[PDB]
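There are 6 protein chains.
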Amino acid sequence: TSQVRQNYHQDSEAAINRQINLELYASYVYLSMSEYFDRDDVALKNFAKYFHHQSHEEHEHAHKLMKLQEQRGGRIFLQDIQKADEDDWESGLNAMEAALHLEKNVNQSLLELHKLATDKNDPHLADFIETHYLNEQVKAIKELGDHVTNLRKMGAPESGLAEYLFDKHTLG
Amino acid sequence: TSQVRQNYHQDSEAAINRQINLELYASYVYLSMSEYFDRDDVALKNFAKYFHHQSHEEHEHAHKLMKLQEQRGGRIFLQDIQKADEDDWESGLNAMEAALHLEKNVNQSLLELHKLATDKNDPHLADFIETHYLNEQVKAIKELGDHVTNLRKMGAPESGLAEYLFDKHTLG
Amino acid sequence: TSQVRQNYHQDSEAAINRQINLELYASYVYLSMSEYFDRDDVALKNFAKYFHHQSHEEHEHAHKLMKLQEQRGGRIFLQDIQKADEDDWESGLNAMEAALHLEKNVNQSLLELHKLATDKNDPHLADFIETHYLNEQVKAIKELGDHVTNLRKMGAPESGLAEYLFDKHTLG
Amino acid sequence: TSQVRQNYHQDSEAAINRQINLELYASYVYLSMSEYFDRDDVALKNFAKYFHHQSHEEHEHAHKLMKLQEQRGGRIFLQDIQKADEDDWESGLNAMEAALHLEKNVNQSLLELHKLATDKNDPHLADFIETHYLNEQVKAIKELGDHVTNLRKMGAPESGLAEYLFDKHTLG
Amino acid sequence: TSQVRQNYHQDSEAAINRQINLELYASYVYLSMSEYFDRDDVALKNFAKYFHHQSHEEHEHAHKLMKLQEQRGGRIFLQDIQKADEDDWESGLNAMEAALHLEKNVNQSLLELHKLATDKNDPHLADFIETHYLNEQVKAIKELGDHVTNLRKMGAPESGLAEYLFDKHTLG
Amino acid sequence: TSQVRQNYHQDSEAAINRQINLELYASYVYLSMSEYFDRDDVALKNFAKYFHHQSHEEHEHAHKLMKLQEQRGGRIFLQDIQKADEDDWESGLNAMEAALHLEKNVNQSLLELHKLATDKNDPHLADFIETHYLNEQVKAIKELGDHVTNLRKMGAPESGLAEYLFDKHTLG
Ligand SMILES: [Ca+2]
Ligand SMILES: [Ca+2]
Ligand SMILES: [Ca+2]
Ligand SMILES: [Ca+2]
Ligand SMILES: [Ca+2]
Ligand SMILES: [Ca+2]
Ligand SMILES: [Ca+2]
Ligand SMILES: [Ca+2]
Ligand SMILES: [Ca+2]
Ligand SMILES: [Ca+2]
Ligand SMILES: [Ca+2]
Ligand SMILES: [Ca+2]
Ligand SMILES: [Ca+2]
Ligand SMILES: [Ca+2]
Ligand SMILES: [Cu+2]
Ligand SMILES: [Cu+2]
Ligand SMILES: [Cu+2]
Ligand SMILES: [Cu+2]
Ligand SMILES: [Cu+2]
Ligand SMILES: [Cu+2]
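Chains as they are written, first to last, in the authors' numbering: chain A, 5 to 176; chain B, 5 to 176; chain C, 5 to 176; chain D, 5 to 176; chain E, 5 to 176; chain F, 5 to 176.
In isolation and in its complexed conformation, chain A is listed as follows:
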């Protein structure tokens, strides 16, 4: 056991490694979405820019969890990063809906991570989740909801003019 390790439960260490893997998975999902919008038969550059930024941001989330693990004296165990469930994301609206779905699932996992920290009486880990993850999730989810709403009201996914203009005016 690590010379720095203190008040850090084996279950928490494992939950962090699981969260590290999930952040990397969400990163890979966003990468997939980003490249779909760069296709010649889709060609929505700001949707592509939007998800590329989400991909990079998710890598920051994973790195910070890895930092936590290292600082607490835990050992990182990595797992394969699974490819997304889709290769083709259909439309701008459908990607926004899939992203919101994903973010809600990630939020649920982080809330279960917080409960575990409360149950193992680890207030450092609890505060870490609160400070760096919980409000970020809330903001992410709200933004995705905002986008889904506008796209729906504009006439997406049927209106091709709607996704074109949303790409231009909201995401550009």
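Heads up, some of the hints might be wrong.
For chains that are exact copies, the list does not tell them apart, and a pair is met inside one copy or across any two.
As the list claims (entries may be wrong) - With a cut-off of at most 16 Å between alpha-carbon atoms, the simulated EDC-like pairs for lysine to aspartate or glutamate come out as follows:
#1 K108 to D126
#2 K157 to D44
#3 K108 to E140
#4 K119 to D171
#5 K108 to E64
#6 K124 to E140
#7 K172 to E134
#8 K124 to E17
#9 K71 to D45
Hints in this document: simulated from the structure, not taken from any laboratory.
Position chains B, C, D, E and F with the ligands relative to chain A; hints supplied.
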């Protein structure tokens, strides 16, 4: 035979002169398209700007081929620049489609120029085509494809509002 | 007939299209001359620079005529751009002489364009020719005459030292 | 088949997708190495910095391949990113040796990608591999070799003072 | 065999060492020419400056080949640098002619180096020759041809006034 | 005999040409040493930088002697530049020792050049050797001695850590 001439086959020299003529033809086609969008009954200024820029760029392509010819010790033989197959380009979408068609044909010609350089064991000419022409074609074609896609999805050519907004938001 | 068209005769419209073609032809002639001076067995860089500039300037002349056509409500009809009568321009002096010959012919055509505008009582077109073309021709022709004179007096075309020094001191 | 697709073989498209996956794998390997050096019982910050930079660079390599795929009209198919063969990299020298081993394998794959492009007569893809990947591999491998050499000569892995000073003076 | 060595044939390694020696020889030839023009009975300072620059440039060519050798895992074997075939270069024109002759021979050697790289299926070395050597040769040869032409037309080598003025106006 | 020649003995002229050749040889030796340290199995970049600088400096020494020759009315006769006696310089210490050995031999030659100038009553050449060569040799030799001493005391050539740190702290 030129004092500088070395490893430069009569067939390559002639193929360059043919490519020089084709670059000038594409230039003239883009000129034609550009002026069509300046018509009072079309009046799409950014379509016009877009093809005017394509025309100038195609002149750069021709000049560089003429430079190659001169540097290798070949003699430039010019041919008439044929006028385009159309005087009236119908719509923004139709010009984009005709431009993509043209660029694919020019690409095919350049790939046949590369094969000839490989077959005559002329690695200088091969690299020249690779370096200055091949990726440029790929980029040109992809961009034209991107535009065709957006215009189609927006409701062009029937939607006059679609070409107006594409002119404004993509080409402006 | 165009919504903007007013006082613009079918004969004038056709004469403009013919002038547009001639400006493009002169452009192509100058291009040919420019490349000849870049040949390894000619290698007079400032002669080459001089005619390359003339080529670009002639494209400006054509564009402005196309602008006129569009503004007046006429329809541009392009024709093939014929290659020059020579592939080999012999010498610096001979190109200057051929350029002067060309410019005098273009001037004659523009003067016939002015007469037609006077005869069709089109004072806008008349002023356009006067303002943008007539004095430009006079200046072009005078400059070419000036160059022909100096080259002759220096000992061109026989004196190879004459063209070398004229290239250096006048055109450089 | 894509509107932009031209001279792009199904085998090449698939080879690119395989290369995309390998670049992402090398990225993940470097991530693993980077975090190992941040461990409290390793604590070599510049080794960690060095591999973190390698990880980011490998993501750039993957993105450019994805760009190529999109530009050529191919469809990206992603695969899981496998975790590295090690969780514990033993020492600074051993990570450098494993990195060199990895880079040589990636180089071999890229050379097989080039052969395939030559065999399918795809000079655009051939030039792309040459321009963006081949010399980069050579440089990467040479640098890793340079580091392995210095570490060995200094007395690594036994000399803990050797890795400490190499971390300070070469990687810092 | 080197830890970095990969896909690098013994024949290529030896051909590089031979090219390294030839670049150094051309460097030494240009050094010889440069000093000849500094003689009190020649005293053409810009000819001297011109070849001194060529000498330095040829050293850059050799260094880059040595870099390639080192990066690929090959071992440099140097050979004597032979003195030029002349101690006295007669005239400005004759040096330009001898330089052009030399550059064409060096070009031939580099083209044989490229063929060998193509035959040993070494696309890294092939691209290296293309990128850093082939177009440079073409440009060098064209420039030398340009100079030979002007000097001949001016009346060199008999006209001492011709070399004086070419020294002043072209090389100065 | 040269119009500028005065008080310049045939023996001195020949001794200068011999010194010119020796400076070029020392230049080539330093080039050889420099490239050895860039080898993947040596990888001492500041040793490499150090000898590369020595190589360039030795070329300056040769050029100045060539200047002297030209200014005095002598004729330069070049000789082959012999390759060094080694292809492999073993270690940092061994190169420093070989460089010191070389510099002492060059110094001896320059002192014999000075004696000859004193004996031929050529005070211009005597002062030239004194001013540009003699103190430079003394400084070069002292520096090489200084380096040899430090390397020995640090534990070179056996201590690989010694050459690594000397490369870093003295030569970097
Ligand atoms: Ca986000
Ligand atoms: Ca899976
Ligand atoms: Ca709190
Ligand atoms: Ca274009
Ligand atoms: Ca026709
Ligand atoms: Ca290439
Ligand atoms: Ca003009
Ligand atoms: Ca004709
Ligand atoms: Ca790297
Ligand atoms: Ca697995
Ligand atoms: Ca050169
Ligand atoms: Ca010899
Ligand atoms: Ca020195
Ligand atoms: Ca020998
Ligand atoms: Cu996240
Ligand atoms: Cu083009
Ligand atoms: Cu004009
Ligand atoms: Cu990579
Ligand atoms: Cu060279
Ligand atoms: Cu010296």
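Violating hint indices (sorted, rising): When the structure is compared with the hints, numbers 4, 5, 6 and 7 turn out to be violated.
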